[PDB]
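Participant: Starting from the known structure of chain P, fit chains X, L and W onto it as the hints suggest.
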Amino acid sequence: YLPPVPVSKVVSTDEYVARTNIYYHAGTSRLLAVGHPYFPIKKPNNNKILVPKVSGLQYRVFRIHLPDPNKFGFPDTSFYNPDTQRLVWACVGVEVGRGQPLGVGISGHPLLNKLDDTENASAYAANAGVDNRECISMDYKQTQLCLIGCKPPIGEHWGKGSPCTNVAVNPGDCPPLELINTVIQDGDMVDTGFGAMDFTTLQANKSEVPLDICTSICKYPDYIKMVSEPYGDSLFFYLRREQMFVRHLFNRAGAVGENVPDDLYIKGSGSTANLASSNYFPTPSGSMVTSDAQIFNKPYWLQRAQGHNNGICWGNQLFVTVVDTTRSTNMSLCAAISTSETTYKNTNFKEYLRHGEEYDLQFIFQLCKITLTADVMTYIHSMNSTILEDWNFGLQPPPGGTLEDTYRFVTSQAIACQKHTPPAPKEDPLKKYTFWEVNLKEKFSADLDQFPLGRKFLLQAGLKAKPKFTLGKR
Amino acid sequence: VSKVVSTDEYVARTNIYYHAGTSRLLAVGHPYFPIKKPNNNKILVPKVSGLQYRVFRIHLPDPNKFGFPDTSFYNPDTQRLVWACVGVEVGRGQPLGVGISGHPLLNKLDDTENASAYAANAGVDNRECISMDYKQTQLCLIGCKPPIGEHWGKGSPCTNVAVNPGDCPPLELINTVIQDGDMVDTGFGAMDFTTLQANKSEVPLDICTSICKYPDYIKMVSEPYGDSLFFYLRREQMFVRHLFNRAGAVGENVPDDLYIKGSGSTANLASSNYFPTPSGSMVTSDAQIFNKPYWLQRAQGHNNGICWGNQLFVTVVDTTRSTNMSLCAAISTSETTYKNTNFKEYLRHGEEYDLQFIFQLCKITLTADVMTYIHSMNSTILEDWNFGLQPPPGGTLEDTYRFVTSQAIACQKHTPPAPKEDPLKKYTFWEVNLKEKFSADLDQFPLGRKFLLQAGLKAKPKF
Amino acid sequence: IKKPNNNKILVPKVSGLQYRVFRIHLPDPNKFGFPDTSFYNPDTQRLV
Amino acid sequence: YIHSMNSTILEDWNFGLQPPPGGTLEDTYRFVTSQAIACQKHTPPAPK
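Residue numbers (the deposited numbering), protein chains in the order written: chain P, 12 to 485; chain X, 18 to 480; chain L, 52 to 99; chain W, 390 to 437.
Any given hint could turn out to be false.
Here are the simulated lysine-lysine pairs, DSS-like style, with alpha carbons at most 30 Å apart [claimed, not checked]: (1) P:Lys361 <-> W:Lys437; (2) P:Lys454 <-> W:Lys437; (3) L:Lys82 <-> P:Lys477; (4) W:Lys430 <-> P:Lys442; (5) L:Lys54 <-> P:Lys430; (6) L:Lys82 <-> X:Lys20; (7) L:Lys82 <-> P:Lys82; (8) W:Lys430 <-> L:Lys82; (9) P:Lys437 <-> X:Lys278.
Rather than coming from a laboratory, the hints here were simulated on the basis of the structure.
Isolated chain P, as found in the complex:
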C-alpha cells in the first residue's frame, strides 16, 4: 500500500537515511590473552580445562554493542519527534591497535607423516614400513586482514559429503569431498595453505599436519560469497595481505591410496621396479616480516562501500574480524622441581609454553535519523523485521498499539526461577555461535578532543568551529 506500484530496483542506504550534524567516540583500551599454542591444558582427570588452546593462529571474532538511540540521547537533539522518527548509529571511522612486539611462535607435531626428501636423492629409499612417523615442526603462511560489518563474517571449508550410492562404501575408499560455507566463529583456525577442511575426519592418519590445525576445521573467508550481499550488511569493507613460499619437498608414508598408471614410466628392476610413494607434499614457509605491512595502528575513514549499506550499524550492533600472524610469538620458560642440585638435570626442569595477545577497538560514530513512511517501514521489515522488533521503533505497524502487556513478575522468587532461569524469551538466533563480546554502551564521550584518535578526524576533515576556550590573548 501507498500509491505507487512495487518496482524492483533497490535503494542504496544513503537514500532515506539522513546524516546528523554530531559525532562521537568511545571504546575499550586493550585486551590480553595467554594460552598454550598447541593444545588446551585441562584438569587431566576432568574434562574441564585449566587452560584453553590459544594462539594468534586463532581467528578472533569481535562483536560490540551500542546504546539505544532513543534512550541514549545527546546535547542537541532538536531535530526529531520520537513519534514518527528514530535514530541510528553510523560508523564513520575505525582503528585497531596492536601493542605486542612482533614475532613468530610457529608450531609442529611429534608424529608427522613423512617418507623421505625428494630434493636430492643420492640413493633409492626404503619401502613402506609400520609407523615411521616422526617429530617435525613448520612455520606458517603470514597473513593480515580486517573485516567490518553488521552481520557476522562467513567463511568456507571443504568437507566429506554423502556420495551418491553406486560403489558399496569400502573402508579405505577415497571419500567424496564437498565444499561448505559456514559462519565464522571465535578461536577458529587460519588456513596453513593446506585448505579449509576437516582433517580428523578426512585424514584418518591424523599425523599429516601439526596439532593446532589437525584438531579443528580451518576456514577461509569468501569475498565472492560475502561481498555478493546486495545489502552490503555482511561486510561493507575489508583489507588483506598474505605471503608464502616453498621450503622442503617430501613424500607421504603409507600404503599407496590410488595407483599410478605404469604406462607413465618405463618398468624398473631390482628395487627400481618398486615404485616409491608418489604422494609429494610441499613445505610452506613464512617469509620475512616488515614494519610497513601492518594494516593496524592506522586510521581508516570509510564513507562509500560496495553495498547499498553505507556504514549503518543496525540494531546497535557492529562486528570486527582481525587476523594477524606477526605477534604469534610463543615464549618458553621452565621452573625447576629441585633448585638444590648444582648439576643440570633435564628431569629437574619442566619447560612451559605461553602466548601473548593484545588488542584495541576505538570507534568513531556519527548519529543518524530516519523519517518514517510505510514505504520505509515496508522495506526494513521486509528487509529484516527484527529491527522493527527490538525497536518498535516506537511503533508496530503504524497503528503500533501496545500489547495489553505482561508486566514482569519474575523479579524475585521462592527458589522457583523457571520464571526463567531457562532464560527470558526471544533470543540471539546466533547465540549458539560462540565468539567474543564487549560492551561499550557506557563509554561515549560527547566531544572527541579528549582522545588521540578523534582529533585526527577533526584534523582530517578540518575544524569548522575550532575549539575556543578564550585563553591565550583576548
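Facilitator: Just chains X, L and W, lined up with the frame of chain P:
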C-alpha cells in the same frame, strides 16, 4: 499511533438515559459443605454462604438493535451505539448479623497465652473441635473485564535436591480469573490449602478444599485500558484473639544458639509454630458500602464506563449478612421427656442482593485509525458489530441425494463447531439477564430520580 | 534457614517485622535524551 | 557552597578541578584477563 488514549476522546455522549434492573435476589444454602446424595455424585443442596464470593455477569441487548423514539440523530451505517455505565447500586435486604465457622478436628497443641507449666508430650491425633470468626470485609468491583485475582500455590521445584517425603514445597504467585463460590481470605492468605496442607485439619471446613483468593489492585489497574475494573471500594478490619500451636513433628529445628539448652521437662523443645486466631470486630450500620448510590464520572483507567460487547461485570463480597439460622426437626413428637436423640439438626443460610443500573448511551464515529485502534484493542468487538468483512468463498458442492438411501456416497455432516461464543465458558459463575427489563424513564423508579436530583433538571408532564 | 553443617543459608530470613531499605539509582540526566535539549548548555550548566 | 556541602558531588559530574579546565590526567583504564589462566583481574581490589 501507539500508547492508549482516554476513551472520552473518540466516544461522544448522547442525551438519553435509561434504567433497568432485576427485581431482586434471595439465596439459601449450607455454609460448611455442599449436600449430595451419599452414593450419588449429584448435589442435593448447593453450598452457599456469605463467605463465598459472588460474581455477576450482566448482559445487555445491542442498542444498535434498540429503536429509539426518534432514531434520526445518528446514521446506522457509519456508526454504532455502545452503552456507558454512569452509576451503580447494590441492594441488600437481610438484617445485619455475623455468621461463623469451625472444624471438629483442629490441629492444636495447647493455649500459649498463659502457661503455668511446660506442656506435655504430643500424642497421636490431638486435634480438637474449635471455631473462630472470619475477618469482616466489604468491597465492590465494576468493569467490563473479569476481576483478576491471585493466590499462593505450589510450583515445580528446581530439580537439584531430591525431594524426600515431608520436604518443604516451594511457593509460587499465581494469577487467575475469579470464580464464583470461591472463598475470602480468613487471614491465612491466598493459596491452596489442599495442595500445601496435607493435614487438611489446619483450617475450618469451609476453606479447606477451596483456594482462597484475593484481588491484586496493581496488576488489575496495570491493564492499559483499565477494562478490568474502572472503579471499586474496599473496607476491612481485623484483630487478634487467641494464640495456639501447630501439633506435629517439627519440620525444621531451631538453631540452638538462639536459646539455651534446657533439661528434664525443658530438654524437649515445645512446638515452635504459632498461628493467630483472627477475629471479626463490631459491625456497624455506618461502614456499610451498600444501599447508597455511586456516581462514576472519571476513573483510573482510560476506559470511562464503556461496556464493550454489551457486557458489564459486578463483583461483590460481604460477610456482614453471614448469619446462619439454625433449625431442628423432631423424629418423634410423642415423648415429653426430652432426648437429644430425638432431634436432627440442620444449617441453612440466607443471601439477598439487588441490582439497579443507570446507563448512558454512546455513539462511535469511525475512521481507519478508529477502526484499527479498536481492532487493536480487542478485535472480537468488531465481530459483534457489522463492520469487518471478510469476503467468503464457495464455488461448487455435490449433493448426491439422498444418503439414507445407502447406496454409498460418503459419510458427511461434520460442521457444528461454532456456536461457541463465550471464551470464558469454562468459567462457571452467577448469571442474570436484564435484556428485557429496560425502560426509558428514570421517574418511575426509586433509584433514578436521584440521578435527576443530583444533576437537576426535573422534567415531568402536567396534571 | 541454613544447612546444619554448612554456614551457607538455605533460606533467607524474612518477616514483615524486618525493616526494609530501598536504594534507588538514577542514571545521570546529563547523559540522557530529551525531545529538546537546547534549553541548556552542558558546559556552564548541570542537571539534577 | 556545593563543595562546602559535599565535595564528592562535584566528582560524579564533570568538574574535576576547581575552575573550567577538566581531567584526571594520570592513566585510567586497564584490563588483564579474558579467558581464565592468569590470576584474575580481581586479584587487585575494586578501587571504586
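Participant: Hint by hint, note whether the structure agrees.
Facilitator: Hints, one by one, checked against the model:
no.: 1; hint: P:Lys361 <-> W:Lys437; verdict: violated, 41 Å
no.: 2; hint: P:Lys454 <-> W:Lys437; verdict: holds, 16 Å
no.: 3; hint: L:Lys82 <-> P:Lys477; verdict: holds, 24 Å
no.: 4; hint: W:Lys430 <-> P:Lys442; verdict: holds, 26 Å
no.: 5; hint: L:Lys54 <-> P:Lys430; verdict: holds, 25 Å
no.: 6; hint: L:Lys82 <-> X:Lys20; verdict: holds, 26 Å
no.: 7; hint: L:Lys82 <-> P:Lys82; verdict: holds, 10 Å
no.: 8; hint: W:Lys430 <-> L:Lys82; verdict: holds, 28 Å
no.: 9; hint: P:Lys437 <-> X:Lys278; verdict: violated, 56 Å
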